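Between the sequences and the hints, there should be enough to build the whole structure, so can you do that?
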Amino acid sequence: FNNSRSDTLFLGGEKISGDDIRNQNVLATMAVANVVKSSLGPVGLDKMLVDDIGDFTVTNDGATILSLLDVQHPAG
Amino acid sequence: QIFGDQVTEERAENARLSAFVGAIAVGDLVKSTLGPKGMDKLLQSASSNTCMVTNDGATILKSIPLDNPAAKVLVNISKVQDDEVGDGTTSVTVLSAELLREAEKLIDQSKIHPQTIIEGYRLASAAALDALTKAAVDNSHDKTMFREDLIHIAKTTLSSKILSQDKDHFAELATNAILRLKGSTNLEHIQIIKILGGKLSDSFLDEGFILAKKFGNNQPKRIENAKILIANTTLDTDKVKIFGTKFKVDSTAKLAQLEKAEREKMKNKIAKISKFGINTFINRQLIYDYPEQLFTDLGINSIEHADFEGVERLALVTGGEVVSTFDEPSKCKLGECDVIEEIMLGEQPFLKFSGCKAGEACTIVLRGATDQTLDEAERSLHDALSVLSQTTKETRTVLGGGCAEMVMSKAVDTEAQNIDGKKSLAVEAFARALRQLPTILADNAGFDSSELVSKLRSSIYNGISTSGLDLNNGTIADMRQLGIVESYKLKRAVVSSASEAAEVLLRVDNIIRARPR
Amino acid sequence: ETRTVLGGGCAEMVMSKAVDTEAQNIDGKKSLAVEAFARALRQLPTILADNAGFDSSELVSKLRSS
Amino acid sequence: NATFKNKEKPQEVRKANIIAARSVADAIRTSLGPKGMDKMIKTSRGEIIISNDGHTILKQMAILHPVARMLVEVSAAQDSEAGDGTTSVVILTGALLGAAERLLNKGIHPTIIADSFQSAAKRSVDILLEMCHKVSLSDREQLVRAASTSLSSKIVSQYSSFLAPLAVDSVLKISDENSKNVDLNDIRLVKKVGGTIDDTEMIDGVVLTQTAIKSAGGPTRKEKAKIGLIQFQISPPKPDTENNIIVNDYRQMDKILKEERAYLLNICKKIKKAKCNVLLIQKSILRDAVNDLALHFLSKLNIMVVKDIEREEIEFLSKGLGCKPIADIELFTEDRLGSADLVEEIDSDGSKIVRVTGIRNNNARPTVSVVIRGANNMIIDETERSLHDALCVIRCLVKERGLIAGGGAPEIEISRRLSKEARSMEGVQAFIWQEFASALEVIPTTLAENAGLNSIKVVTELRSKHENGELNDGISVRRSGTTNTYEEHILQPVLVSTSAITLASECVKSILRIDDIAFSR
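Residue numbers (full-length UniProt numbering), protein chains in the order written: chain A, 5 to 80; chain B, 4 to 520; chain C, 397 to 462; chain D, 8 to 528.
Below are the DSBU-like pairs computed for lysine-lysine, each with C-alpha atoms no more than 35 Å apart in a straight line:
1) D/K199 <-> D/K221
2) D/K12 <-> C/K426
3) C/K425 <-> B/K137
Pulled from the structure, derived: some chain D residues nowhere near chain A, Cβ distances all over 12 Å:
4) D146
5) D295
6) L300
7) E322
8) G329
9) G409
10) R430
11) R528
According to the in silico footprint, chain B covers these stretches of chain C (three or more CB under 8 Å from chain B):
12) 424-432
13) 452-461
Derived by calculation from the structure, the hints in this document are not laboratory data.
All residues carry an ideal CB built from backbone N, CA and C; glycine is no exception.
Shown next as structure tokens:
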């Protein structure tokens with residue numbers, strides 16, 4: 005799935021470029037959009053966010069959702 | 004996938020590696036058997052019920068299957084030794100393997116196509132053969148006994164043939180035609196004249212060279228101090244095929260004028276002949292009146308319809324050459340003939356050549372009653388001459404014990420200096436391959452091969468040395484004093500066969516896998 | 397100081413020629429070693445030509461022949 | 008025939024190094040031109056950095072292969088000499104490495120390849136120099152126009168009208184007209200939070216980075232004042248043995264103050280004997296520059312004090328003021344002091360900058376200290392970067408006069424001329440020159456690819472138009488196609504292209520000369 009062991013371009017870490025990285029960024033943005041779409045509009049539905057400790061909160065505020073939404077990707 | 008049936012071309016790297024290494028490995032099967040002190044080899048069958056031990060190189064090569072195509076090719080090429088000599092196949096195989104190993108080492112040092120290596124091997128082989136010929140000795144003393152034996156053999160061969168009419172006369176003629184040559188005994192050096200109007204017992208012997216189909220229309224019947232050059236030019240019947248060609252002419256007169264101009268265009272080539280200092284001209288084809296007059300104006304004799312066999316024999320006896328064009332004046336090889344006479348034998352014209360430069364040939368004149376008698380006489384004479392020629396091939400021997408081989412190696416090394424740098428390596432490789440034989444002989448004898456080889460090389464290099472390997476005492480001894488000699492024919496054939504085998508595989512780039520049998 | 401020899405491998409080839417001459421007037425056992433030393437000396441111009449990016453074998457052979 | 012045995016296999020290592028260098032070059036290539044693609048790198052600390060700068064990308068990539076690191080040195084050299092085009096040099100190096108690999112596949116010895124590439128680079132430099140458009144430093148208007156053109160590609164657009172003349176004057180102050188090589192490092196840029204972009208000063212002398220005496224009695228300025236550089240501190244002696252001040256009653260304050268005042272008064276008297284009125288004290292992390300009692304005594308002496316001066320600032324002051332640093336009060340004399348007409352602090356909100364003018368020192372260099380102001384950090388950073396780029400462009404013009412239109416036009420022209428000339432060459436030289444000319448077309452190809460234009464169409468149009476023009480026809484981003492780049496105000500100094508070609512050739516030569524690697528531990 006992911007590119008590794010390129011056997012070339014010996015840098016301090018791995019390198020991903022081109023269509024692969026473009027698709028990864030697009031998929032990350034699409035995932036964020038799918039997460040946040042349900043809150044659009046006054047007639048929309050809320051969602052529940054859970055922390056790493058065990059607590060959770062429910063809100064339909066897009067700004068709060070995005071602030072508390074943890075996305076581990078530069079596009080996020 | 005390419006080809007099929009387990010017969011496919013191998014990668015270039017692996018193909019060359021096989022072609023060289025596998026072919027060299029064939030020698031290892033017979034290297035230990037080289038020389039009278041060689042080792043024995045065990046050949047085991049699948050059932051183990053027919054295993055046997057033999058030291059014959061030919062048997063080992065022909066019995067052990069060889070899957071590698073290179074080994075098959077090497078063995079097939081080396082097989083010529085058995086037919087030519089019938090012995091020494093081990094030496095041929097060993098020499099070929101050593102030459103291939105040296106060529107492989109050179110390629111590893113150059114990584115270039117071995118065509119230059121092939122040329123260097125050719126030059127080194129020529130030099131080695133020349134040295135071997137120089138180092139040969141003649142055991143044909145008491146040539147009177149050899150002549151008597153030749154007479155007896157000729158009489159034996161003439162039995163039951165048409166030549167039996169005068170057995171003694173024809174035996175003497177056949178013996179003379181071989182003995183008086185003092186050189187090559189090939190039939191090309193002996194000419195047979197077949198004419199009618201007499202009996203076979205009246206055959207005459209002529210040491211000169213005689214041709215048929217006299218030449219010239221206004222040419223003189225005698226030529227003296229002839230400077231002979233042969234050329235292949237169409238001086239008669241130019242424009243052989245013109246049917247279907249459209250000519251922009253009003254009548255056939257202009258077409259004839261165009262043909263005349265085309266014929267005249269050859270005047271430049273005709274004149275170029277005079278610039279070579281030539282007074283006698285031989286042409287394979289017929290000569291028309293106009294070129295004949297042009298030659299007459301230049302004082303050059305015009306010989307017509309010399310064909311090919313006549314041209315070859317005339318050049319051989321006179322030492323001339325045949326060319327097709329005259330690129331530059333004063334650059335050619337000219338033959339010589341003291342006297343040329345126009346004669347008729349049996350109501351048939353003939354050309355007599357006398358005083359040919361270093362001429363080595365004989366002619367026999369046959370006077371028969373019909374075509375059958377003349378043909379039978381010619382065939383019987385050819386057979387008798389072929390049988391008698393055996394005496395001129397035997398008694399030729401060279402110093403044994405590697406002395407001749409070391410001399411040949413020294414000659415090749417000398418050739419390695421008067422040559423371009425790109426071929427000196429190949430010449431030295433050929434010299435090393437030649438030197439490998441005494442090393443293997445010493446190794447098979449159980450002595451220190453390096454010391455004996457070095458001592459022999461030093462002795463031979465240091466002037467008029469006849470020393471050689473002493474496989475009985477493990478030292479260096481004078482071969483001439485001990486009478487240790489080996490057949491010149493055997494050594495020459497072995498060296499020529501090894502050179503040819505090396506050349507055959509060197510020119511090969513890739514080898515296709517052999518089909519298992 | 398102030399003493400020099402011809403450069404460009406000339407000294408190496410002269411030494412190799414002298415060694416080869418010595419290799420002839422000596423027994424085989426030491427003759428082989430003498431020839432090996434001559435080969436080692438001749439190897440130097442080969443490496444010099446290789447580093448220069450030319451035809452090392454051709455130049456070495458031509459220099460040795462000359 | 009017989010050739011070199013080639014028993015060793017340096018080709019494997021050479022090809023591996025070439026492959027690594029070409030991979031790095033291809034990675035850096037896509038950032039060429041204004042429309043270059045941005046590169047994102049996550050550092051070992053987890054920070055995410057997005058930038059289109061070739062040098063920054065190379066630095067953040069953390070190249071590990073020893074040979075590939077040569078590109079970092081090439082970019083550093085380009086910045087030091089040219090100041091721009093770090094992507095162009097890397098792209099040229101990659102193209103030449105590809106050409107060298109192709110030549111090696113043909114059986115050409117690496118030394119031959121290196122020598123032929125060096126010769127081709129020399130010929131290309133000569134060709135490009137022959138076709139350059141001449142410029143003159145005596146034309147101030149031309150320099151201002153060039154600076155404005157260079158600044159037009161930065162964030163700052165409307166303030167370029169003031170930035171360009173500032174850069175021109177700053178460079179001329181140190182370059183004159185025939186100075187040949189000139190070091191632009193003599194121009195010091197100081198950033199300060201506050202004000203706007205227009206609030207910039209050239210100052211022919213030198214500008215400090217700290218405020219004057221903020222306590223009562225501080226002159227804050229002095230006329231006809233001598234300036235000296237101090238590396239020590241005006242503090243009472245501190246014996247290496249145990250020592251401290253203990254006060255249990257106010258009566259001991261008299262003795263303590265008397266002792267401290269006596270020591271600081273001796274120090275200040277030694278300073279005054281040299282007639283030094285401005286004290287520039289290097290910043291220190293151990294003790295303050297001047298004690299409060301010493302500050303008061305100096306105020307009584309009308310001596311200006313500026314503290315917290317960084318080491319770099321001290322060095323620049325020494326270069327520009329012509330004075331020398333004072334290691335200790337024992338070496339404080341008058342011969343090591345300057346003489347400025349007026350040193351004063353500009354009392355304004357957010358700047359409070361002390362400046363020195365009228366140095367009038369013949370032994371001192373004609374240094375320039377530019378003051379950069381801006382309300383936000385972004386404004387000051389952009390202003391400083393744009394000014395530095397303009398100064399570098401003008402310095403490149405000074406070192407080698409001439410302007411070359413951009414858009415890859417000079418590369419195409421050089422390629423065409425080299426292709427025409429190589430027909431007269433013989434041996435491996437002709438083939439290597441042809442390969443070099445073919446590789447020279449990489450830059451226009453990269454520009455076309457990054458601009459979204461058809462590479463084949465762009466190169467064919469450029470070559471067709473070059474039948475009449477030489478350098479003015481190139482790739483223009485504004486027109487999104489092939490046009491007269493000279494009329495579009497897209498030009499670069501000749502020095503930039505020549506240094507790029509030279510660095511590419513040198514890097515290729517260095518890479519090809521590598522045949523083995525060993526560890527030294």
